[PDB]
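A.B. asks: Take a look at the letters that make up each chain.
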Amino acid sequence: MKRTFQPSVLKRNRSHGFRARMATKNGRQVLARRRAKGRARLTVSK
Amino acid sequence: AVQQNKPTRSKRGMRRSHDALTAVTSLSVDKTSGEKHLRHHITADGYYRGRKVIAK
Amino acid sequence: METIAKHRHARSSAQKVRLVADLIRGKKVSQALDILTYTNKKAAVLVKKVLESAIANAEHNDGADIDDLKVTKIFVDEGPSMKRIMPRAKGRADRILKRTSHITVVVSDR
Amino acid sequence: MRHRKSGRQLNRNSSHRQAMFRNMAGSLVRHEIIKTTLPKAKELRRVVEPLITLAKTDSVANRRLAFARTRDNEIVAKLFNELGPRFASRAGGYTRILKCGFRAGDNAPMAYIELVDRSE
RNA sequence: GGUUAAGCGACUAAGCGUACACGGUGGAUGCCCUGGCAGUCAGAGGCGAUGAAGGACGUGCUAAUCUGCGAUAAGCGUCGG
RNA sequence: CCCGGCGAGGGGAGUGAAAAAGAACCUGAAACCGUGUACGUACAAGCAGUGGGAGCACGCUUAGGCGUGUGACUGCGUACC
RNA sequence: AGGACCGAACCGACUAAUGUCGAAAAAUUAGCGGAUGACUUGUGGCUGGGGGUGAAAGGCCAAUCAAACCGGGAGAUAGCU
RNA sequence: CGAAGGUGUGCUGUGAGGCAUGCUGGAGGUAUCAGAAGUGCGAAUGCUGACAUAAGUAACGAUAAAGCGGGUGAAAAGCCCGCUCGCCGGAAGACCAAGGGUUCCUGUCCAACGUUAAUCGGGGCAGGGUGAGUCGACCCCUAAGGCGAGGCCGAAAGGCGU
RNA sequence: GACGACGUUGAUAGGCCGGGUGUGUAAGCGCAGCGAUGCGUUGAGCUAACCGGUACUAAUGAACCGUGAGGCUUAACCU
Numbered sequence: 002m003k004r005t006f007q008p009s010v011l012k013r014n015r016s017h018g019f020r021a022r023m024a025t026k027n028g029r030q031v032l033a034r035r036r037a038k039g040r041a042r043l044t045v046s047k
Numbered sequence: 788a789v790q791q792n793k794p795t796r797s798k799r800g801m802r803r804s805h806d807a808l809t810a811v812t813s814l815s816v817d818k819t820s821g822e823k824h825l826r827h828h829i830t831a832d833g834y835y836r837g838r839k840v841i842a843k
Numbered sequence: 200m201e202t203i204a205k206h207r208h209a210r211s212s213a214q215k216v217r218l219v220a221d222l223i224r225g226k227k228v229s230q231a232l233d234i235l236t237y238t239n240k241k242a243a244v245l246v247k248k249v250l251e252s253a254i255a256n257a258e259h260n261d262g263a264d265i266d267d268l269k270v271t272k273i274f275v276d277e278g279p280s281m282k283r284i285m286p287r288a289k290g291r292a293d294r295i296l297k298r299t300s301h302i303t304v305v306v307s308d309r
Numbered sequence: 208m209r210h211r212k213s214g215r216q217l218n219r220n221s222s223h224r225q226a227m228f229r230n231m232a233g234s235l236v237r238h239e240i241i242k243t244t245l246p247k248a249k250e251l252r253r254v255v256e257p258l259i260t261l262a263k264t265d266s267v268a269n270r271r272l273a274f275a276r277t278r279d280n281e282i283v284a285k286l287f288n289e290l291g292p293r294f295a296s297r298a299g300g301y302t303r304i305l306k307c308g309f310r311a312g313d314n315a316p317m318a319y320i321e322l323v324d325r326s327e
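Same order as they appear, the protein sequences are chains A, B, C and D. Numbering follows the working numbering, with no gaps: position 8 of the first sequence is 9. Numbering follows the working numbering, with no gaps: position 44 of the second sequence is 831. Numbering follows the working numbering, with no gaps: position 34 of the third sequence is 233. Numbering follows the working numbering, with no gaps: position 40 of the fourth sequence is 247.
Treat the hints as calculated values from the structure; they're not laboratory data. Virtual Cβ for every residue (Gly too), placed ideally from N, Cα, C. Please note: incorrect hints may appear among the correct ones.
Claimed, not checked - Heads up, simulated DSSO-like pairs for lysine-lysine below, C-alpha to C-alpha not over 27 Å straight-line:
#1 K215(C) - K269(C)
#2 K839(B) - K249(D)
#3 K297(C) - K823(B)
#4 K306(D) - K241(C)
#5 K215(C) - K798(B)
#6 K285(D) - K240(C)
#7 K282(C) - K272(C)
#8 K272(C) - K289(C)
#9 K240(C) - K823(B)
#10 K240(C) - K247(D)
#11 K205(C) - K248(C)
#12 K249(D) - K240(C)
#13 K285(D) - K839(B)
#14 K793(B) - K297(C)
#15 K242(D) - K241(C)
#16 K282(C) - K793(B)
#17 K839(B) - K247(D)
#18 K818(B) - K242(D)
What the hints assert, rightly or not - Just some of the chain B residues that point at chain D, by a computed CB distance under 10 Å:
#19 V816
#20 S820
#21 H824
#22 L825
#23 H828
#24 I829
#25 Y835
#26 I841
Modelling step: build the complete structure from the supplied sequences, incorporating the hints.
C.D. replies: This is the structure in structure tokens:
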């Protein structure tokens, strides 16, 4: 079947990327919670 | 297809009363080579009733 | 004098090695080598490779006598498991456990 | 229910079955010995013994007859050209089956098929 | 002593049951600490455009990862212990 | 050092207080799984125990008979929450 | 010329089978409807939970939809097991 | 010259228990009398770890297909070569974008992985290989569209936009 | 799995010669036809399991489990 995750890096980057999530203040809290919860991989990097 | 009440290890044993491997004790000795093969078979060195039959 | 040889973690199950190592209970060695050379199985690859290692432990460490040398006890006992995961249908898995077994061969002259 | 039938199926379709027994009988006379399982040994016999039967009384037409059933003239070259005086007197069987033993691959009853007259 | 009949009659155990002796798998119990929680007591109560918190990639005798450090890279100078 | 496939695994030897402390390593219970010895068992049915009990097998005392194991057969008896 | 005809690709899902602890959390073989249109496909964007979007089935919104999912109120509450 | 714990055993109390002791064990335990609670488990289709059962049953993943000889090797229906046989051929062929990121190749190995064995493998150990003024991007130019200096507008964030 | 037939004192299987059966005028030559093809050879040839024979090959000497005159008591017959 046409399964749901038909992936890319172009869909991925402009949605869940760094400068996307660290654009707005509501995004920024996720970057300031993934920090404080001590996650290694912040959002997506290659 | 299902079990409703598990059989004990007793009846599990008596089902295994007949699985026992048949013994193949009936070896033979060669006529004129003296070695031992299995009956109606050939040896490792190609003998069968005192003949180099396969020469392998 | 008495001697023991063990193959530990033989990659099979207990009933698979129990069946051929039931015949060689209470036998002499040369009739046991001859009943295991022509038993068409995998455990007869297993323990016959080890039962000859037991008589080596006689001719070298214990009693060099092999002609009139008995096998007293032989008992295959269980071992660990390799719990892999098998996929069954409709999304649900299946905890397979690849079985493993231990075998002792005990050789002496009672 | 098999009652008075013959010719074991050997778990292949008839088209596959016939085409194997060609390329074993082609293989049989070229190397003079084959290892097979017991039934194929027991039923390559019922197939090959026509060939050296229909090759003692040599003709022009029987060349194609052992080419319609073989389609391998190199095997037909060994027939009729050595096998003639090799088998003048054997009114009947030409295979001495040997029960070799057991296949260490998959526990098959292995065996040995040969032509009787062997000196090499 | 022998003979026919009549009555009665164990040891056989493919396996299975129970108890002991023997391990086999298993990793519970007792014991252990450079691990962590709750607080007492002072001190601090900030880091940040003479570039942060948190990361990437490099650095050694080195393959790798952790600690430290940053083309001066497990370290430099400097005044002391 | 022997045997093995210059494998795995294992038996000796040597260290060590001990290798039934060996890298799956302190201690190592139970379920489950086998080995051996002893007894019962293939005309008997049924919550599988309890009351009675022959024979056999053993540790013993003291030789009169207890203890432990099994337990033919028999009287009752339909698990727990 | 055709929202024209026949029929592969592409697409769709009608009928039966099989499968339904599936080879698969919706498929495979045998056919079936269309196939220059109101079509089909790729890539890149926009719309948002009482809100999106809908040739309208309450269908679809990451296998879940008469109000998605994560965290937070919150150890909700439960005359009920 | 042997703590707790474990495992049997003889005694003891009306019971919850206690006391002595054989083996295993190898460094801690605790009387009498009192104090405080994470203080006693069979259940809750409770949680977690482990092990049975069904059972050595079912199944081995398209009904394109094998068969033979030789060799390597400890062992070969499956690995390497040769010989035929059979299957695909607007593909089950050969290139590219997406997307995966050493999966390619030689030496070497079989514990584990490969629904089997395995000398073989897209598996582990080790080393090697990707070479562009023209190929694609990066780069110069815009669409849909997202931000958005001044600004307009809005409790605050922020929304729209030149 | 059993039951049955044989194991060189052999017809139990396969082969083989023959017959039987089934399909129809094999192939290869020569003739007639420019050719497809028709005629002669030729009711030929080929023939699964069928039936009757022939040991040509395969069904070996052993090895193996199974023993070594069969308990007690009474009656009736042996002397």
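A.B. asks: Determine for every hint whether it applies to the structure shown.
C.D. replies: Results of checking the hints against the structure:
1. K215(C) - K269(C): Holds, because 23 Å separates the two Cα atoms, which is no more than 27 Å.
2. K839(B) - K249(D): 22 Å, holds
3. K297(C) - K823(B): With a Cα-Cα distance of about 38 Å, the restraint between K297(C) and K823(B) is violated, given a limit of 27 Å.
4. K306(D) - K241(C): Since the Cα atoms of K306(D) and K241(C) sit roughly 22 Å apart, the hinted pair holds (cutoff 27 Å).
5. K215(C) - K798(B): 19 Å, holds
6. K285(D) - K240(C): 42 Å, violated
7. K282(C) - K272(C): Not satisfied, since the Cα-Cα distance of roughly 31 Å exceeds 27 Å.
8. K272(C) - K289(C): 48 Å, violated
9. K240(C) - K823(B): Holds, at roughly 20 Å.
10. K240(C) - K247(D): 23 Å, holds
11. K205(C) - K248(C): Between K205(C) and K248(C) the Cα gap is close to 11 Å, so the pair holds against 27 Å.
12. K249(D) - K240(C): 25 Å, holds
13. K285(D) - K839(B): 26 Å, holds
14. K793(B) - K297(C): 24 Å, holds
15. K242(D) - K241(C): 23 Å, holds
16. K282(C) - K793(B): 24 Å, holds
17. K839(B) - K247(D): 24 Å, holds
18. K818(B) - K242(D): Since the Cα atoms of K818(B) and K242(D) sit roughly 25 Å apart, the hinted pair holds (cutoff 27 Å).
19. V816: 17 Å, violated
20. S820: 15 Å, violated
21. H824: At about 9 Å, which falls below the 10 Å cut-off, the nearest Cβ of chain D leaves the hint on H824(B) intact, so it holds.
22. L825: Holds, because the Cβ-Cβ distance from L825(B) to chain D comes to roughly 7 Å (cut-off 10 Å).
23. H828: 5 Å, holds
24. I829: OK, holds: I829(B) within 10 Å of chain D, min 6 Å.
25. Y835: 6 Å, holds
26. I841: 6 Å, holds
Hint violations for this structure: numbers 3, 6, 7, 8, 19 and 20, all remaining hints satisfied.
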